[PDB]
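Asker: If you want the building blocks of each chain, they are given just below.
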Amino acid sequence: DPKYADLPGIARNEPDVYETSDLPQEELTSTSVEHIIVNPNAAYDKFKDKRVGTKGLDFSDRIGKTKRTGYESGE
Amino acid sequence: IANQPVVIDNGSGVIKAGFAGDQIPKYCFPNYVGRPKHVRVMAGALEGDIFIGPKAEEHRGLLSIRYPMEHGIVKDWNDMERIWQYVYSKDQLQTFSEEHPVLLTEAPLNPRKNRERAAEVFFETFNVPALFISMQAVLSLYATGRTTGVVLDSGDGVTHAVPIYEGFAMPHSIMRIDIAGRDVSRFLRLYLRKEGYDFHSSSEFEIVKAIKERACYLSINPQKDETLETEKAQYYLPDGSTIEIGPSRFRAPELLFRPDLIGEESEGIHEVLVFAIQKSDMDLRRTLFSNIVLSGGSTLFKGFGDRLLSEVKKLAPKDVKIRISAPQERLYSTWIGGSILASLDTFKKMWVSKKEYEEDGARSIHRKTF
Amino acid sequence: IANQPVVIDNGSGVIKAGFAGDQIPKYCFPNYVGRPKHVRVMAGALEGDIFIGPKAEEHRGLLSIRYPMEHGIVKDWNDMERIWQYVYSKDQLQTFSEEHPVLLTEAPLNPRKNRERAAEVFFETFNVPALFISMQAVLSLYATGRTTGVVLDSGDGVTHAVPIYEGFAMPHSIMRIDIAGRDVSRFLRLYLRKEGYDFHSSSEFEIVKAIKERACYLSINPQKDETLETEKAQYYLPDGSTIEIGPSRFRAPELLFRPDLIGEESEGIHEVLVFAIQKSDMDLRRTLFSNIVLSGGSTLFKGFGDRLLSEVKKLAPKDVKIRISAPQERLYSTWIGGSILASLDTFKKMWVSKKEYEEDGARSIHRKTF
Amino acid sequence: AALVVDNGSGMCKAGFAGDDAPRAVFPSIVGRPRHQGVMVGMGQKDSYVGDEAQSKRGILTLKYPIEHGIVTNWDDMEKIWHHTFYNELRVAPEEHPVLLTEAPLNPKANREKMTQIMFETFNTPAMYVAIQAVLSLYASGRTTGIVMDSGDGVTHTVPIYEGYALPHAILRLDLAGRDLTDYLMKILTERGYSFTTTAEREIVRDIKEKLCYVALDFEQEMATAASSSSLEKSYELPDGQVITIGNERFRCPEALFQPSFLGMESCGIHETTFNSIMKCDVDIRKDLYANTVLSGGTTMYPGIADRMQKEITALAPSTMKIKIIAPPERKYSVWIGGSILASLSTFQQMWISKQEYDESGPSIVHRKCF
Ligand SMILES: Nc1ncnc2c1ncn2[C@@H]1O[C@H](COP(=O)(O)OP(=O)(O)OP(=O)(O)O)[C@@H](O)[C@H]1O
Ligand SMILES: Nc1ncnc2c1ncn2[C@@H]1O[C@H](COP(=O)(O)OP(=O)(O)O)[C@@H](O)[C@H]1O
Ligand SMILES: Nc1ncnc2c1ncn2[C@@H]1O[C@H](COP(=O)(O)OP(=O)(O)O)[C@@H](O)[C@H]1O
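Protein chains in written order, with PDB author numbering: chain b, 3 to 26, 37 to 87; chain G, 7 to 376; chain I, 7 to 376; chain H, 6 to 375.
Treat each hint with caution, since some may be false.
[As the list claims (entries may be wrong)] Calculated pairs, DSS-like style, for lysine-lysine (alpha carbon to alpha carbon, straight line, at most 30 angstroms): (1) G:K43 with I:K285; (2) H:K315 with G:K43; (3) H:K84 with H:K61; (4) I:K327 with I:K230.
Simulated from the structure, these hints should not be mistaken for laboratory data.
Please take these sequences and the hints and turn them into a complete structure.
Answerer: Here is the structure:
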């Protein structure tokens with residue numbers, strides 16, 4: 003504004019930002045899906061107490077005693 | 007460490023994150039590595055040149071977005087490290103590796119080099135005290151509560167069926183295919199070029215994904231619905247501009263069962279699952295039939311599962327009842343299963359200490375893992 | 007030098023200058039080379055020809071004025087030198103090149119030769135120890151505060167419409183037109199000649215340019231108002247001669263958008279801007295519609311922005327919100343941003359020292375230019 | 006016997022079945038003057054076909070319906086075709102079947118539009134359209150080979166193994182010499198050779214064919230050429246202007262080797278072809294290494310085969326020997342390949358007649374494509 007005052011060639015009456023007056037899932041809805049929550053804390057506390065024993069569950073290209081099984085020990 | 011374990015839903019195309027004590031991942035985002043395709047001289051643009059989150063989620067037409075997990079297998083690990091640092095950053099966790107137990111995800115029969123490289127990061131650069139990374143199938147098992155079943159975990163760019171009864175592995179029956187929805191989106195831009203739409207950018211590929219996740223489904227009849235007259239649904243661009251569709255929206259994921267269109271041999275992963283069924287035990291099969299595990303966001307199509315039910319009817323014998331196990335938020339389902347697994351206290355033997363990595367590393371990875 | 011930097015409001019038709027801290031270029035005057043209308047061989051004529059300001063604003067039917075920079079192409083190098091010395095004199099600068107830092111501003115489509123030759127004069131005849139060459143769109147953005155934007159300028163013949171988001175140097179986004187009010191007024195006086203009004207001398211045409219800047223507008227219904235019978239309001243010259251204008255008051259400027267009868271079938275920068283839109287991407291385009299900046303002096307017209315608004319409204323599709331920022335001091339916006347850039351500390355390192363120019367020269371110009 | 010009509014992206018070529026020299030060697034470009042207030046010049050055409058447009062190139066607006074081969078206004082080229090008949094052979098299209106050209110990844114609507122023009126408009130007794138690369142390999146005399154086809158509007162490497170469809174590796178690429186000419190006139194503009202219209206483009210594309218070659222070590226050759234002042238060769242143009250080109254000659258084709266110059270978000274031509282190579286069986290790709298079929302008239306360049314060869318050779322294993330197939334007549338081998346292709350026994354049965362089209366509509370284009 004003071005610059006506009008001090009500058010003679012600068013005219014006025016200008017709506018500066020000239021603009022355009024602009025004015026302003038289904039898979040679950042199938043005949044066969046059953047999307048169910050496991051109730052994370054419920055199933056978690058359930059399987060949580062179920063201890064799991066392991067004893068060197070080792071398998072990668074390991075030769076000796078052909079059959080192997082993960083979580084070897086018991087708990 | 008006695009801290010909250012970092013639960014990362016590291017999917018090939020959708021890599022989310024969070025913690026165990028939280029039943030919702032708070033740091034969800036897909037796979038993306040953007041590098042500015044434009045020079046910047048005048049001040050006003052922020053830098054880092056590897057943008058994750060907002061910058062990448064706003065300036066799509068400026069950053070050369072990379073999807074470093076090539077079929078879930080990344081070789082530009084450096085970028086992933088920076089994304090993990092972004093996770094350690096203020097926007098996601100403000101924590102350290104040493105400060106928390108960590109949990110990432112895995113795919114079956116990956117190249118050992120990737121696992122080794124990842125362990126190098128998390129135990130050399132990052133220095134997690136106790137950590138273990140495993141299959142997404144177990145996460146889904148927690149998401150279902152089931153223990154018996156053929157985990158059909160088919161994400162963004164990987165499709166795999168994991169047959170496991172009562173928590174007992176059967177790798178010979180377990181199959182894995184490193185191709186999925188990402189390629190159907192690739193095929194979608196192939197449709198674009200079929201009708202002349204040179205939207206080659208990764209951002210343009212995201213627009214393609216927006217249509218994929220916006221106007222696409224599965225018509226259960228192949229030629230009976232393909233050879234008909236299409237209405238050519240006018241999709242609205244990131245400008246809202248009209249673009250028709252054609253039969254494209256439903257005939258695009260057909261390639262997943264006839265890979266010959268892309269010049270590939272396969273059967274349609276469900277048939278590979280039927281092969282796994284054949285690899286299993288006769289009456290124990292029926293259970294797995296009823297164990298219709300649904301995983302990977304690529305499964306989101308109207309009539310998708312029903313088309314696969316039709317596939318079952320075309321290939322499975324009578325009365326071998328199948329039972330759809332749908333997840334609500336399939337992507338979070340995996341993460342929440344990981345939250346359950348990470349929240350397991352007994353994880354002692356299940357994790358891998360940092361000193362263990364210092365003892366053997368690779369040998370101890372592949373040793374302790376399957 | 008550690009002094010007040012000379013902030014210059016450069017230009018092919020209007021070149022002004024001032025300093026940092028000043029809110030206005032202290033001495034506002036246009037670009038012109040004022041030579042006499044007579045043979046200055048005989049003594050007692052308008053020799054020297056260094057007629058800037060009151061000297062040019064003194065003799066009217068005695069001066070045949072010239073114009074050096076023609077669409078960013080300056081050829082009257084020595085005439086520019088004497089105009090510089092006029093500025094360097096105590097009427098405009100009151101100091102020297104050695105005594106104060108100098109800032110140079112440019113636009114695209116400028117050959118390196120102009121930059122090199124001007125830098126030769128500025129570092130050899132004049133000797134700026136702290137000199138930098140820059141753009142003008144950057145300065146207009148500085149004045150508007152924005153960094154993201156479709157910056158446009160309306161100079162004497164300087165018209166670049168480059169969409170620049172966050173100060174990103176995007177040379178492939180360059181869409182520069184080298185024409186404005188200059189030739190517009192030239193064929194507007196041709197219309198005057200069509201109705202009997204000859205203006206062949208420079209000053210004789212400078213009065214016509216004063217009309218261009220005074221009694222000329224944009225009738226938003228160009229062919230409708232053209233088909234409508236005009237009334238031809240009478241203009242009064244410094245001589246006071248009655249001159250009706252009428253349709254021609256808006257014909258030649260509306261002819262910019264509709265170059266139909268020019269021969270030089272130009273565009274009307276909205277078309278060029280749509281081409282720049284195509285260069286950008288819909289995600290960025292949607293934002294940049296709202297991010298449009300105007301500059302220069304030819305923007306000054308009655309119904310200017312609104313006519314161009316109507317133009318793009320006829321161009322842009324639905325649900326496309328466009329906003330075109332355009333203050334009142336579009337000329338000074340460059341100078342304002344020059345003072346802003348002068349206030350930048352990076353700019354101190356951005357400038358090329360005199361010694362640095364002596365070391366490389368042209369390579370230093372085009373390397374340290376940005 | 007038939008009508009072997011080639012549709013060059015730049016110029017044109019045509020003739021009957023079995024003709025050796027292309028008859029319609031003229032610019033496949035459209036042009037019209039500035040239809041303004043002036044009257045006609047003793048009565049003349051409206052549209053200017055090729056050489057007519059080439060003749061009075063100073064005003065005739067050199068345009069193209071062609072968008073890297075994609076014809077927008079089919080009326081243009083069809084009138085050109087009518088006149089092309091009645092220009093070269095003066096034969097009606099109804100007595101001889103026609104033969105046309107195409108490029109992969111083309112929207113079928115283009116070819117169907119073309120087809121209906123030939124039947125509804127031209128009433129051809131039979132018709133056919135095929136890929137130019139097929140004619141190139143036809144002229145070579147092979148069936149197994151990676152036909153790197155390169156028109157001056159588009160580029161598409163065509164890997165073939167005993168005349169078999171391998172479109173997954175075949176990739177269209179809108180790489181035009183016109184694009185290089187765009188960048189070329191742009192860099193000329195900053196070299197003082199500031200020119201704008203398409204007439205300038207015609208002259209400089211001929212100059213591109215005159216001295217624009219392919220170097221071997223672009224940066225090293227660039228530095229030496231910067232030092233080799235004699236290499237900056239001159240040529241006094243048709244107008245009084247002269248030129249200066251030492252870098253420019255090879256500086257411009259590096260955009261093909263580096264999309265960075267244009268920001269094409271692609272790969273360089275050599276590794277782009279290698280990417281297309283990577284989509285196949287590496288052991289049959291061995292044959293393709295031997296089948297280095299360099300085709301397309303836009304490959305007539307000095308020092309291009311060794312450049313490309315060396316690049317992919319650096320990408321290839323030592324045993325994987327590159328064996329260039331590139332006759333200098335490959336430009337004509339397109340039309341001549343079609344001309345001698347018309348003389349094929351099976352091809353005299355392989356046709357699309359009037360009732361064959363009419364009674365099938367545009368649907369017949371799909372199976373009658375190749
Ligand atoms: N001596 C030369 N030097 C450089 N380039 C050349 C030379 N001779 C020909 N060319 C290239 O050949 C191109 C024209 O050949 P081309 O056969 O590709 O034309 P076209 O119209 O694309 O034909 P079609 O569309 O049928 O392939 C020009 O772009 C030019 O770059
Ligand atoms: N509606 C949809 N249609 C097709 N694909 C989808 C849809 N929604 C998500 N996807 C795909 O599935 C992916 C998410 O599945 P996810 O299991 O996270 O993949 P990954 O584990 O490989 O990241 C997304 O990256 C997306 O490509
Ligand atoms: N009211 C007006 N109407 C038309 N043109 C104008 C008006 N005011 C200024 N101009 C034009 O704009 C020019 C000033 O803009 P500027 O950006 O300084 O031009 P340049 O950069 O070419 O000197 C003047 O030379 C004149 O041609």
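Asker: Against this structure, judge whether each hint is valid.
Answerer: Taking the hints in turn, this is what the structure says about them:
1. Straight-line distance between C-alpha atoms of G:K43 and I:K285 comes to about 13 angstroms, which keeps the hinted pair within the 30 angstroms bound.
2. A hinted pair counts as satisfied when its Cα atoms are at most 30 angstroms apart, and H:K315 with G:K43 qualifies at roughly 28 angstroms.
3. About 19 angstroms separates the Cα atoms of H:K84 and H:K61, which keeps this hinted pair within 30 angstroms; it holds.
4. The suggested pairing of I:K327 with I:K230 holds, with an alpha-carbon distance near 27 angstroms, which does not exceed 30 angstroms.
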